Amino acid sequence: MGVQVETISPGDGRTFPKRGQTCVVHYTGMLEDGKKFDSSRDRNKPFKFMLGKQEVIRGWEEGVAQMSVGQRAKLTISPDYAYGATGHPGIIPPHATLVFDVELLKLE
């Protein structure tokens, strides 16, 4: 599969990230079993990335692009859109489906 976007709370419904814009997000990343492996909220610092520069996994590039500013959404991401067959040593296992709780705070 690719990325499934399920809304948690709505945004403005009008402002969607375009390629080249910087997305400012809070996020929590969990394995499919629910184990949290990464969270910007625990660090109390939002995460910024530039859309279209492949600084994030493909599921984020295609998923966050479907969110409007202010929206909080649950992204479910299959391994091909994520860390693949290889995964990430000691953090992400092979062939992992990942779940992200993502809030799009603003665009820069």
Second form
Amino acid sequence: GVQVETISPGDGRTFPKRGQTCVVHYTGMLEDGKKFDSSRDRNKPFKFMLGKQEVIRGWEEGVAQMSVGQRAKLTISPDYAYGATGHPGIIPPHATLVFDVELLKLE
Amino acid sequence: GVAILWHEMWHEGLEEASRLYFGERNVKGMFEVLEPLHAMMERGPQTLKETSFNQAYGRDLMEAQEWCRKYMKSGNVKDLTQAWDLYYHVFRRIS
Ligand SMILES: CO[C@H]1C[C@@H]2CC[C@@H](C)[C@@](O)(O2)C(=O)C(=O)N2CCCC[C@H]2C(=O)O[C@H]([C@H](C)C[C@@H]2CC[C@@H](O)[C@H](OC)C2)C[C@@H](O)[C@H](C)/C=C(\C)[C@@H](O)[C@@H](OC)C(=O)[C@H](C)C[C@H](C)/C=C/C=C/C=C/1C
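Having seen the form deposited without its partner chain, please provide the structure of the form solved in complex with its partner chain.
The next block holds the full complex; its first chain is the one shown before.
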């Protein structure tokens, strides 16, 4: 599945409803700690709509339980990320992923 | 709902191309959707609405094609990721 561990707390009240676009900063890395993607490094947040199957299952279930302002470590199982196929040339097969994600605001 | 205007065509095209590449790992199929849309741009804008689309999004789309063409030579998927960053930016602005 997905494990959410809070790094920095949010308001504990404003959770993302379906329909809203979540605006986040994220840093994705493999189980060893090597980074593969980071919106922070680009200085440009990532916008996406929740509950439309836009993102991997770990995000769909993990980001849904975060509050606005919260920063969390999302440890995601390979069957909740890219699985046996992986994402060729970035994420290999059967890869546990770790996302440091911050829910900045909703639009 | 036949996609006739450029923003309509690019919106449905980028959706389908991303579904093929990110959903199904189908690079060939992704290109088969995208290459014709870039060629349409390369023919040049014919209407006023095409002209304004081209002024807003033409440079970004042209650069996304250059990243894709970098991938064609390099084989480095990071170059497709660059292209998709640019395509997503266009997609959000025309949504
Ligand atoms: C320029 O950067 C890449 C992202 C890179 C690509 C490589 C990755 C390793 C990684 O580096 O991001 C990464 O860090 C990561 O793992 N991310 C990203 C942050 C969210 C969590 C997770 C992560 O789930 O991303 C996702 C899966 C890759 C694919 C999806 C997993 C669920 C599955 O149902 C999807 O089937 C269709 C495939 C990519 C998403 O971001 C983007 C926004 C969504 C999609 C491509 C699809 O939904 C698509 O459908 C038809 C859409 O509707 C979009 C809105 C259409 C639009 C025309 C295309 C947008 C493409 C944007 C590409 C971006 C932003």
